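Take a look at this single chain in structure tokens; it is the form solved in complex with the ligand.
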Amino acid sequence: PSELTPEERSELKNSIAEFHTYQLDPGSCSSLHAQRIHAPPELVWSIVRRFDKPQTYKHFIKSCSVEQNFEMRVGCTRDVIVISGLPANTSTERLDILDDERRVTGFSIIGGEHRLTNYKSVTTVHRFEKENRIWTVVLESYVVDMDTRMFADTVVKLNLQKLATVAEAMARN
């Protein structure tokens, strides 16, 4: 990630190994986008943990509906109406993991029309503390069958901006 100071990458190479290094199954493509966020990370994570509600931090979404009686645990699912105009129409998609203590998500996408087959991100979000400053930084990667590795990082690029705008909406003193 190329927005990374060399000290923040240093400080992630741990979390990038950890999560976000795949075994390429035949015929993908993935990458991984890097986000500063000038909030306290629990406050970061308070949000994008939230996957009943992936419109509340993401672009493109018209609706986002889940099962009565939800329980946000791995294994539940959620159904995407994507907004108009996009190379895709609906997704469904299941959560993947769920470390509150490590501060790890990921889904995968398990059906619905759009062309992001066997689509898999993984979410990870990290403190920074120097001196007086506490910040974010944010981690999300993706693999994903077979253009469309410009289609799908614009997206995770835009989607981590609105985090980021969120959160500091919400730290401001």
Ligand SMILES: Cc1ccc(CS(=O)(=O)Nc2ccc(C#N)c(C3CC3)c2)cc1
Contents of the next structure:
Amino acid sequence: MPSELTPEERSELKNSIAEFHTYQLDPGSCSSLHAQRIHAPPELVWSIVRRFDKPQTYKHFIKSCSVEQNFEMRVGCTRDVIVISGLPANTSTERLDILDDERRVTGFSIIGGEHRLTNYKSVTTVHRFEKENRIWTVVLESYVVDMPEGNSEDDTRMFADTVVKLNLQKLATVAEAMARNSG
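Please supply the corresponding structure for the form solved without the ligand (the preceding block corresponds to the form solved in complex with the ligand).
Chain alone follows, minus partners and molecules.
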């Protein structure tokens, strides 16, 4: 029942963390890794996580997300996310960096607008677990960001940690709701 990963989960994710969630830090950057257990099939979770054009399905504070007219989801495509965690609303342009449907890995970079200066980059991976009868999922999300050059010069990285956590909670809630409509 503790939300923290078990030793078995942790062992099973080591290779994934090494491959996908380990960053080469530039001086004056930092990185963080979050995990969320989800009681729903990993295919269902991944179908949510992979939709680069619809982050608002599991993320908080999103006013809108717009993509190109005829949107084809591929590495290098961009989206504009308007967030209302700032008043007035801020626009960030994000690039899709990784999409592997076989291995269930996606990731993005903030390349313009608000927080461009941060060099924010994030990776999310979805993992299958099975024991006894039961199948469940663990999502890992990590990011790397520049540290602010100040004593409180918009040092917003605690807010980044906090919002990654809440977003993973929203993903769990949404995905678990959907799986109970399956049968």
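Positions refer to the first chain, counted from 1. Whichever C-alpha set is largest while still superposing within 1.5 Å between the two forms counts as the rigid core.
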### Summary
Out of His114, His59, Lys53, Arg127, the position with Cα displaced 2 angstroms or more between these two forms on rigid-core fit is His114
